[PDB]
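Consider the single chain below, provided in structure tokens and representing the form deposited in one PDB entry.
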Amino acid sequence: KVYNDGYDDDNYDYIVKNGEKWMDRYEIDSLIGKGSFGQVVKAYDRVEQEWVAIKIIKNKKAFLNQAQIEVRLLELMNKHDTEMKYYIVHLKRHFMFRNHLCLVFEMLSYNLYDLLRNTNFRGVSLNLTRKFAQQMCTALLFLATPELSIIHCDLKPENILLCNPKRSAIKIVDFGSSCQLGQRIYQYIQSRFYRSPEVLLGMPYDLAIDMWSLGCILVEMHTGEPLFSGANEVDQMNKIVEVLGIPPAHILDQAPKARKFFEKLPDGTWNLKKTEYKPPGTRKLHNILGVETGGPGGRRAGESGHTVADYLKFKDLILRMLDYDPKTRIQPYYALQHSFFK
């Protein structure tokens, strides 16, 4: 009947109450989100005199230990002096309150899915998409810092927020499924829509999985719809294949999960298993973006900064981010020097 003296519910979450004052400091206002980790709440900080987003972790060993790993990575990112760390959400501080670990973040505007929902899933401009692409590449360059080497491992429109509703500044959020580079513990990783072929194929992986995710995300910001919207791993891969063609043979020969999607024929070549989909490599990114047809759905026709020249620079940058090989896939440093950002 009673859970944590009545402060928790039946599934270990703290009972969020509007107007409750925590430690004579944090004035709780309203619930923002609830995940598996727990809940996140909007609260006003009285000593700092500013709004904050308090992430309230569940009263559970499994979710507490995971949030401690997140704290360790957030605080390790704060240690570095550079300016490019400000494209990640600032963990201000953490504390224990009535048996719940509470992470205090800076208060932010909406997520990028809410931005796409405001467009009725028709997308934002190539001018705005360039601004997010640069800042996300700057964020991924920060994560690639050798002493950090952090893989976010779950980049999607919901995990990218806007700083202010008027300003066009974005910041990457939720490092709950994040670990530093190393030996492989986890295979089923990333959100399916933004999941890399090396992850789908059961191959080794590294920082490059976040760039694949970025590539997908940036097309979705300008088109409005997800690029590869698979209902399962098979459907995911078939949608990747119909845009980028069949993965290269040398990758598929090494891949332990290659036989889930593809089939090695008697001649030695690889091909899709039977299951609807267009032939491999036929739904060109050129036509999805609308390089010559005035943008996606003809909606950017005659709008400034949406020329054939500007769309080809964007198409080229995206194809480098969506390289099948994670070794030749473009890195944050070279991405930031792409002609799309000139």
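Numbering follows the first chain given and starts at 1. C-alpha atoms forming the largest set that superposes within 1.5 Å between two forms make up the rigid core. What changes on going to the form deposited in another entry:
Annotation: the position in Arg72, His80, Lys166, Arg184 displaced by at least 2 Å at CA between these two forms, with the core superposed, corresponds to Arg184. Remark: with the core as the superposition reference, the CA shift of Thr328 between these two forms stays below 2 Å.
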Given for the second form:
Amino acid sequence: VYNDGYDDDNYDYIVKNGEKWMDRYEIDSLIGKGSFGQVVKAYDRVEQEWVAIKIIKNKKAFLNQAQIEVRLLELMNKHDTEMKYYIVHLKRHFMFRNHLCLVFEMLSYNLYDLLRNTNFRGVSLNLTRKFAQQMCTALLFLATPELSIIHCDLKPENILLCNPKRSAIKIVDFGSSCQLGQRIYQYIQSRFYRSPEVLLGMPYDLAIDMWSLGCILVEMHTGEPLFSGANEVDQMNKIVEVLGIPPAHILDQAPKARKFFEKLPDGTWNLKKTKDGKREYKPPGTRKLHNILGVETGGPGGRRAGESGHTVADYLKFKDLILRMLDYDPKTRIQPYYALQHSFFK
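Got the form deposited in one PDB entry; any chance of the form deposited in another entry too?
What comes next is one chain alone, with no partners or other molecules.
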């Protein structure tokens, strides 16, 4: 029996609808589960408003990591600039029944649920442009020298509408985030959104969030993930289908280079040889973003043909922006300040 009956076998707090905490919070319901615990909808008797409360797992490794999230949340929430409002606001936190509880302003549903409500047709390029611009302003706020925060898990489920009928958004879940200059953990980011430097076991910096953003923005407009790998080897092959073999100056410094590639006598790299007969991937660089976005064929799958807001020129700008965000080299990958000056946003 777990934590005197309050917890299940997965270190989660067994949620009971109606339950009341510290004579203050009235638990309405479970919203969802996640690696780190649960999120519930609750009414705050005192402040007279609905909130969302993230209940962290009762397990030392999860609690300790979640204290980092709180520190970062508070450092971001106290900053004196208007860009801070693209990050969810942590109102407060407390321990209860041996679970750290994080109390948040209430938001609306996530970008994934938005995509699914369109049956994966994708949202319009105009909307995509509004999400991209907010995301890049958020990333600029994270890059503020005093913060230097890497989110480390951007993806649609971590971007929420503030309001179900508007286009304002916020970034949630700094559960896996760190600041620059802090022990390198391989195996970060969700696989579809994971940068090549992380797949390659290399050091990483704030640019890994720009990589993920590029992937997310393509998925929001097409309705489906750009790089849909079932495992790391598949993930790297799908990136390669689109962007080519990564450049030698990267692979030469990459501890995991030989998990995916091999080096030729002349110092060039190729994908690792496979069983003769096996053909699984398009050749390196032949799956063009140009075609995935249908720049000149009516947009993704032709579905935007003859709509306003979706011109060849609009697509070429978007495409150019995506490719600058999916630069293999993290030192030349477009940074937030410069992404914001891009003509996609004129």
